[PDB]
Amino acid sequence: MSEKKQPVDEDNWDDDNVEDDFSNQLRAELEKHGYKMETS
Amino acid sequence: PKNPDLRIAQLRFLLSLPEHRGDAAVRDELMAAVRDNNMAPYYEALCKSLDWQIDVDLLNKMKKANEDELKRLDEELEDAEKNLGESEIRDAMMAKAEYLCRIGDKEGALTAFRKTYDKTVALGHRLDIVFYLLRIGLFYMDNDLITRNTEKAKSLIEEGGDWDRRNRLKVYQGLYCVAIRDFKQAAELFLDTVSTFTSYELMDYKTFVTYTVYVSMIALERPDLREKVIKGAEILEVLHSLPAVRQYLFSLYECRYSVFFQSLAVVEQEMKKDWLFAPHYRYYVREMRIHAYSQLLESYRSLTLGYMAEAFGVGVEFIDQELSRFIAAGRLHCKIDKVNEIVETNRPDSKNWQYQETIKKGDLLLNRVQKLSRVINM
Amino acid sequence: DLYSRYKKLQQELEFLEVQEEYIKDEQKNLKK
Amino acid sequence: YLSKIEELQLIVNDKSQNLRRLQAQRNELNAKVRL
Amino acid sequence: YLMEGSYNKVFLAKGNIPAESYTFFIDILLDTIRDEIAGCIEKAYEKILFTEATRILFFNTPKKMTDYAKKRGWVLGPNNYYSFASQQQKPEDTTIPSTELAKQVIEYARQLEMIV
Amino acid sequence: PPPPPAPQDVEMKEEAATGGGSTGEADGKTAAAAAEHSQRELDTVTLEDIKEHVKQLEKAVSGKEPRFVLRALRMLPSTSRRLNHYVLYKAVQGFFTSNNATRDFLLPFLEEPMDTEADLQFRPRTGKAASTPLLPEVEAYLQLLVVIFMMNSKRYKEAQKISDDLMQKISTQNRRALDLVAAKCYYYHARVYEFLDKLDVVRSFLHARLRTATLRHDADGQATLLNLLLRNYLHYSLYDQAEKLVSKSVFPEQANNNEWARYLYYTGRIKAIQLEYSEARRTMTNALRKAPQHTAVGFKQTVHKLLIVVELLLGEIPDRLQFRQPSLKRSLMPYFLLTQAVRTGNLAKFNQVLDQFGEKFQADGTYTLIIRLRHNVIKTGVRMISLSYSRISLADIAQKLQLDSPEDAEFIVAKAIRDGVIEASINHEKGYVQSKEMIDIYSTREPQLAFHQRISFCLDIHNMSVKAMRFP
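So the sequences go chain by chain: e, Y, D, C, d and V.
Read left to right, the first sequence gives residues 1 to 9, 40 to 70 (the deposited numbering).
According to the deposited numbering, the second sequence is numbered sequentially starting from 12.
According to the deposited numbering, the third sequence is numbered sequentially starting from 39.
According to the deposited numbering, the fourth sequence is numbered sequentially starting from 24.
According to the deposited numbering, the fifth sequence is numbered sequentially starting from 142.
According to the deposited numbering, the sixth sequence is numbered sequentially starting from 26.
Don't read these hints as lab results, they were simulated from the structure.
Think of the CB as a built atom: it goes at the ideal place given N, C-alpha and C, for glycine as much as any other residue.
Warning: the hint list may mix true and false statements.
As the list claims (entries may be wrong) - So the derived list for chain e, only partly shown, Cβ under 8 Å to chain Y, looks like this:
id, residue
1, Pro-7
2, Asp-51
3, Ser-53
4, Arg-57
5, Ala-58
Based on the sequences and whatever the hints tell you, model everything.
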């Protein structure tokens, strides 16, 4: 049923969602999440 | 007439991402409002920045002066059109009225862009169209502007076109291909570095040097790496003033990994603080890292992590989630053990997938046009 | 007309069985 | 009504006129290629 | 919770499982514990000892687990347990995978014929 | 009055090629199917489903069905003048006043071309005469003096079953026209009979209607009536699904090429809801790649919201955002977040999404998802980590994935061996898995073992091309 205005108009997906869930996060960030140990 | 307004892109991004300096944008961009008669830095910053306790009459007397310049434009345009000039007064009003779009909002656009849109008669009367919409499409998050005016320039401006300004189109399209993560087209579109010293579109050539290095650290193959950063010296000296960048590239040619962490973390600090990346730099770092890891895996086969923790630090359980997710990201073709600690390099092409892809196409393709081969029947 | 309604289409079935067999033989000659 | 069934069901089987139509066409084709 | 991996959720459930004579069925539930132990006591395992027959099996030692040591062809090691000496019974299955594939070449090569 | 000339025109173009055209393609034709105006007329049925059909309103009421139902006569060649009688009555809508003679006066009108004369011999004129007026009526189900006339008009279509099994003193092959209609309209049967309640004797209508298309006309009946039976047992509870398990005769020439697609989708839902992962998801895959076009919005979108649920139960599923219509986005707000809860190993999220949208999961109505979806969490975790490390300990995976004890982790390893993912043993003292990955497994003969099926499959498709060459 196409009766409207319209007739002119796991790989890495489930991971593109979790990878778009932590979007500004610290998934990796070694020199940050790894050397906060011996800074103090 | 674009470069302080490209700083306005810099400074609306300064408004956007860094809330550490939650009002730097009103400082140097309201400093850019009291000069240049720019009334935008309290229009959009009235909408997006702070509550504006009192800057009203101090900037509306200059919105009145904006009206005075605007109405001597609105008297110069018809008091100058008495002369028989083909789009010449139209050029006089689109320069200072597209400059009113620089001064003001998209009202300056609709009185500027759509007005000088139709009776474009020459090349600069379309070069300023496409460029002077590429500016505002770049300043905002707009995509139809910066893509489709350049589509017009591919149609209208060229007919083969100038060698120079079409390379300038390659520069703007390279800015979109670094806005989106289009790796081969960013670095490939940044190949010349000849005709782009410092134009009125280029507020910093060294930012262009960052723009080509930040993608030639991904898309560039290793013989292509020595072909660019070693066989080509024309970019070397303007990054010879950036010796940590040059160190990161030669280290990248060497695979020493602690300075990867250092200067890649610095590149990440810039990557936070630079626009056209924020929707995109999540993909960046770890891909960077696997761009290092694979040749690391090309080092040899039965690797231990302590030899890696020499270059990693405490990369023991770091590489647990890191490497286990990189395997789990469909990448990093290997196997890993805890105590016997086998690392694997393999993936011999002439194995299965080269044998696979053709029927991967020719099954949905086969049923697809086979399905098209039955619409003739019933 | 079920007397010879049933029978007559078989008479016009045997022969095209024979040439249905036989076109492969003639094409087999045209290979030669 | 008894054997009023099967003869039209043999007229179903006159696709051999169509498949052997293609074979008769083909006989003409390669026969006249030979000629 | 059975197919989650708790055979002790059985004994937590049987605290209140009468349920208008749901006693025969929980006895057959104990049966479908014990014969699946008769499957899963050494499935891909190295070995077990008596205390694993105290944990997974119950009722310490009947002659039913002694039967389990004497029903399935079992090596009752000295406080030790083995399915066999090899548990897998020497898998090579043909030592010749080639000639039957030449039979695949017989009918398959015939299938390449008769068509074009 | 200027728009009703368009149904005036397209109506006459329908029964021209259809009536005179397909009747002329039905007199002596159709060694298999020379009636191309059958499929053309069905394309005009799709045209009447895209457009308004003829006279649902059309700025008037009830014009064409009192007009064109008369006077065919099938007589001496001045019956093109009867078509001229059909054409020259169009000054009633244009010049005169239009009047109400549908849904109440159709009851003798359906008798009228039969009461003009003993009109003609072939039943597609009769099923045309009880379909092409009456199928414009079935799509106005405002349940007020319109569904009882769908009801009764399809009782006349039950008299088209009666005038289908008892016409041409048996075996003129007009089912290859009429089942071409008796596919579509019979679905409308199970629409309107299920616009109100479940149908229970139309089950039997469907049963004997399946039995009449058994062998004498095994053409377009058995698969479409098979769909009606399948969606009957599907809309109803799960009791009669052993039918195909014992009477697996579900294989026509698969002519309609969408019937076979969504049909294999439907039995995909069947084997899905019984218990199946692999065969279920690969006919989800096969019906998915046999989804025809994007020419109907939503009907792939919601059905594909239901398609990948077994793949949600695999644990290896990607998130459908390129499938996502933004109109489906507001309806996949639980569902985006559902597969978000799938790939996240959280438990409070696992019961929090179920807690949040159990009503939309009732709209799903397939709560076999939740009985094995926690199981799918532990299988995804053990698949990922068992895939990662050769010799992990069970304490490593266990108190990371909150298992709190070694022995239920030994039960996870036990039922993972039983489910056969990895050959992980245990350094059997108290747990503490000793194990392996599996590479250097084999790579050379084993692919060319599969190439027997690749290329025997290829020669299958080869002879599909030779038999495809048998068509002209």
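Now the hints, each set against the structure:
Look at e/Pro-7: its Cβ only gets to about 18 Å from chain Y, farther than 8 Å, so that hint breaks. Look at e/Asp-51: its Cβ only gets to about 10 Å from chain Y, farther than 8 Å, so that hint breaks. At about 5 Å, the closest approach between the beta carbon of e/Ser-53 and any beta carbon in chain Y falls short of 8 Å, and the interface hint on this residue holds. At about 7 Å, the closest approach between the beta carbon of e/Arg-57 and any beta carbon in chain Y falls short of 8 Å, and the interface hint on this residue holds.
Annotation: interface hint on e/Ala-58 holds; nearest CB of chain Y at approximately 5 Å, less than 8 Å.
Taken one by one, the earlier hints fail for this structure at numbers 1, 2, listed in ascending order.
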